[PDB]
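Shown below, as structure tokens, is a lone chain in the form solved without this ligand; questions about how it binds or moves come after it.
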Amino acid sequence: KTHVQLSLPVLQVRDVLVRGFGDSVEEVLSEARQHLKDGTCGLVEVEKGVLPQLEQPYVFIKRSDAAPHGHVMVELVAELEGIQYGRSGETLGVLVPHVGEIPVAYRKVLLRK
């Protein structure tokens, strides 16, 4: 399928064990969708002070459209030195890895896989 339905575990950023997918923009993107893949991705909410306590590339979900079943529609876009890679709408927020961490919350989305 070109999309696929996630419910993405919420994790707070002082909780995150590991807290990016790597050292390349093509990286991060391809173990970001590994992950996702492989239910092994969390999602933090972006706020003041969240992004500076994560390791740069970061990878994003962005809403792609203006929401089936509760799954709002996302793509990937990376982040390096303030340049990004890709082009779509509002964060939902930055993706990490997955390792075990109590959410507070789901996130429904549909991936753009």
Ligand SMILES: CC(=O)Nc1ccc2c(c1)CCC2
Second form
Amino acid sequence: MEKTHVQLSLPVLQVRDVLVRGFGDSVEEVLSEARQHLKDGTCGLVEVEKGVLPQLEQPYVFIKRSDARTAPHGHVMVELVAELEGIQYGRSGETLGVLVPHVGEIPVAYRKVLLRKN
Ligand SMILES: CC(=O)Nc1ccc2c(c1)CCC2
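Based on the form solved without this ligand presented above, generate the structure block for the form deposited with this ligand bound.
Below is the whole assembly, all chains and molecules, this chain first.
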């Protein structure tokens, strides 16, 4: 009975502050764990710039833009896509960032998203 989309405010973390640098050891695990942390309010977002991905652990979980036609209520519609060894699992739009566990790090911003609970 979960709705197809949920509005979330994600803490945006700087890469060098992140204590737990990924969600696990396989594509299926990272997607699962990312979803669980998103549900629990314990998921952060790192914006991708040069140097960021090499400082994080693969497989990566990205949130990517799902629709251009509109962004309801200020929350960009996004979906999850994992990457391992240059191969992506999911096909979507532009990356908003890479998801990581949040364990109390102080964010630099909050990113409002409307997440597809695929
Ligand atoms: C109320 C709600 O939809 N919570 C929620 C938030 C994020 C996620 C879920 C559930 C399941 C998949 C990821």
